[PDB]
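Heads up, the chain below is alone and in the form deposited without the partner chain; it's given as structure tokens.
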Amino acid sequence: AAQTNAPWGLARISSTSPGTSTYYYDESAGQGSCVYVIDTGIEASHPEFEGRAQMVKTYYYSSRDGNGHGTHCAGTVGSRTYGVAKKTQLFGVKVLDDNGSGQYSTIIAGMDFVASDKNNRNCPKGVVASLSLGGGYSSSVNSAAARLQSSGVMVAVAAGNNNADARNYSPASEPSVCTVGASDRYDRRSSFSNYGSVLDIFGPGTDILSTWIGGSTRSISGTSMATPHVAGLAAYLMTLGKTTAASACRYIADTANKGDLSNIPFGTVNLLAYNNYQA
């Protein structure tokens, strides 16, 4: 399938070259997979989600996304126009308040929630969790992400926006999850993207158009935007049967575009997420 005039990041993940604007992908499109977006919520009524999004948990007075961040990330995972995996099921877990903040204890509870809640959902092709959040190093946050991964969920986490080594941030520094850095439309490391040995992969993160609250759209930047590209890619590849939750991060790294990014520091992988779809 071909989506013309797609956001640059979608075109990038199906291309061996920057500078194109059509997204190519197998029509299965993540059907039968599920992606949990652990964030500020999801505006499930947005027409771009086509009824495939729902809120499953909140730790606050509402499950509504009063911020936009979670709706944007969910849109990159799976919206009809802005999403990688256009037929996946999206489940929102609101661990972040409407200012975008959340206590680590609530974030941990949300991760353990997903590990159990997947047993209440129909995801025959597999389960992914996208975590566009983080703070300073915490062994307990890392351990919660490790448990979620161990339970059979492909966990993708943002590397962070500190232009620093991700070793000092959590859950970015957890070895067993997929830590995602950000790139721009010219295949440069995004100026804010963290780096370091713990990164597994880069995805599009600068000037990413997606859904926003109020039935709207907007373009924003961050490793929070790169993470859902990778989460959606994992769901898409799992639906195709090319990988599993336990090995999807390594498979994405194996099949990535290699050595094409600039300003990647010595000791950080030079790998850009790529679906290897051949029309």
Given for the second form:
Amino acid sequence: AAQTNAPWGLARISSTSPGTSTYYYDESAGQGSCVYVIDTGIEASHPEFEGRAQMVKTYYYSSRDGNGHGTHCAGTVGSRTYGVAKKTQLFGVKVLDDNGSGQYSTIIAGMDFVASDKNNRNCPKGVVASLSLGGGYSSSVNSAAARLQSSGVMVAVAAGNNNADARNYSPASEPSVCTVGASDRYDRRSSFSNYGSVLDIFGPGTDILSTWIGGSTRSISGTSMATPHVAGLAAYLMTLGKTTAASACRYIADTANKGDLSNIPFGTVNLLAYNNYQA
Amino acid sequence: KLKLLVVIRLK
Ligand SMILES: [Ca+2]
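Give me the form solved in complex with the partner chain now, not the form deposited without the partner chain.
Full assembly next; the chain just shown is listed first.
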């Protein structure tokens, strides 16, 4: 399948070179996989989700995304127009409030929730969790991410937007999960992207168009935007049977475009997520 | 959280 005039990030993850505008992908499109988006929530009613999104848990008064961040990230995972894995099932877990903030204890609870809840869902091709959040180092938060990964969920987390070494941030700094940095449309490391030896992979993160609340769309930037590209790619590859939850991060790194990125500091991987699609 | 969600950006 091919989507013409795709958002640049989708085109980029299906090409060996920057500057293309078509997203090429297998029609299976992540069908049979499930991705939990652990964030401010998801506007499940947005036409772009085609009824494939549901809120399953909230830690606040409502399950509504009053912010937009979670809806944007969910859109990049699996919306019709803006998504990597266009047929995947999306589950929303609201651990962040409508200002986009949340306590570490609530974030941990949300991770433990997903490890259990997945046992109640029909996801024959596997389960992914996308965490576009983080803050200062916490061994407890790292531990929660490690448990979630251990339980059989492919965990993808944002590296952070501090232009610093991600070793000082969580859950970015947990080695066992897939830590995602951001790039721009000219194959540069995004100016805000964290870096360091704990990064596993880069994905598109500057000027990413996706779904927003009120049935709208908008473009925003962050390692929050790169993370769902990798989460969606993982769901896509699991559905094709190329990899499993336990090994997807390594598979993505192995099959990445290598050496394409500029402004990568020594000691950080130069690897950009790539779907290897051939018609 | 300790990270983003603002919406009047930082570059
Ligand atoms: Ca890792």
